[PDB]
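Form deposited without this ligand, single chain, as C-alpha cells, below.
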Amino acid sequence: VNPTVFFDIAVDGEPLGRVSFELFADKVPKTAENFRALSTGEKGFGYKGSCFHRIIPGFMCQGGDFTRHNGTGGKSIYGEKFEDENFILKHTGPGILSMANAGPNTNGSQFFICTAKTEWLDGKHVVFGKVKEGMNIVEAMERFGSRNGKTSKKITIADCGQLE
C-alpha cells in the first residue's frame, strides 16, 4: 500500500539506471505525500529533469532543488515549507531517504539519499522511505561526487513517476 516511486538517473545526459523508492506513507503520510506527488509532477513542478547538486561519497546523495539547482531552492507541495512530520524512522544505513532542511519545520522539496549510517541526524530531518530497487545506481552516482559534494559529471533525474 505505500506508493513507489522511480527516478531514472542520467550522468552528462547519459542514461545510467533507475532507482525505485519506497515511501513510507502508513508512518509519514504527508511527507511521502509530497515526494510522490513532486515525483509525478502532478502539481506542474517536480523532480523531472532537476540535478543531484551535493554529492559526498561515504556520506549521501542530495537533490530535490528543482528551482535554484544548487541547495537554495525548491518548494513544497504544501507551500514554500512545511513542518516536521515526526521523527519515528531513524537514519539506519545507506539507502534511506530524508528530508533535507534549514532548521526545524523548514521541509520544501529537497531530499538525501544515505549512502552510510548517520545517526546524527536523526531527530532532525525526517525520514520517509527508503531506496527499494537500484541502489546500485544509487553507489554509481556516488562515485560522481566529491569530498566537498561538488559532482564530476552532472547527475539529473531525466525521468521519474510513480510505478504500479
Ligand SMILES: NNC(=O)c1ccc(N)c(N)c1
The other form holds:
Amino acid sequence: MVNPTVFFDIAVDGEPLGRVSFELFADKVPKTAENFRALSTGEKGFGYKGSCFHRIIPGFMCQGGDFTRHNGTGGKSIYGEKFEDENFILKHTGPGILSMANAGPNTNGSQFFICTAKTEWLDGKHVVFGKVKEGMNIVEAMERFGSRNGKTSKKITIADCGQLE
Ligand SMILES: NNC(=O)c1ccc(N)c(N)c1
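Starting from the form deposited without this ligand, produce the coordinates for the form solved in complex with this ligand.
After this comes the whole thing, all chains and molecules, with the earlier chain placed first.
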C-alpha cells in the first residue's frame, strides 16, 4: 500500500560519498517498480550492488545499472532479458526523476537513469518509475565527476544498496 523506498550508498574510486534514497511509484507502475526494488535488494541473486554509473552528463542525467557488461550495453531484468514499457503515466518533470533506459520500444532491462534536468523529450519513450527522496545533494556531487561525453573522471559505484523501512 505504501510505495517502497530503496537506497544506494555511493562511492567515488572506493571512497564513500553518501546515500541516495528513492521512492518507487509502485502505485502507478508496479511491474517496473518491482524490478528496480528487487535489483536493489539482490533477492533474485543478481542486482545493482557493486555496479557503476557508467555515463554521467552534467545537466542531463546519471545512468547506471549495467551489471552484466558494465558499459551501457547490458543488464537484465527480474522477468528475463527485457520487459515491456509498462505505461507512460509519469513524466520527466525535473531533476531527481528515476527512469528506465532502453534500446527501443519494449526493451527495459536493468539500466536506469536519474535526471539532473528536465528531460521532457523523453516523455512517452522512457518509463518513469521513481524519484529521489533524500540525497539529491549526493547526486549533484556525483554529477560533478561526469563530462560532456558521459565518461566519468573517477569510478562512481553503488557500494551497497537495499530497501528501507
Ligand atoms: N541502447 N543500448 C544498449 O545496448 C542497451 C540500452 C539499454 C538496455 N536496457 C539494453 N538492454 C541495451
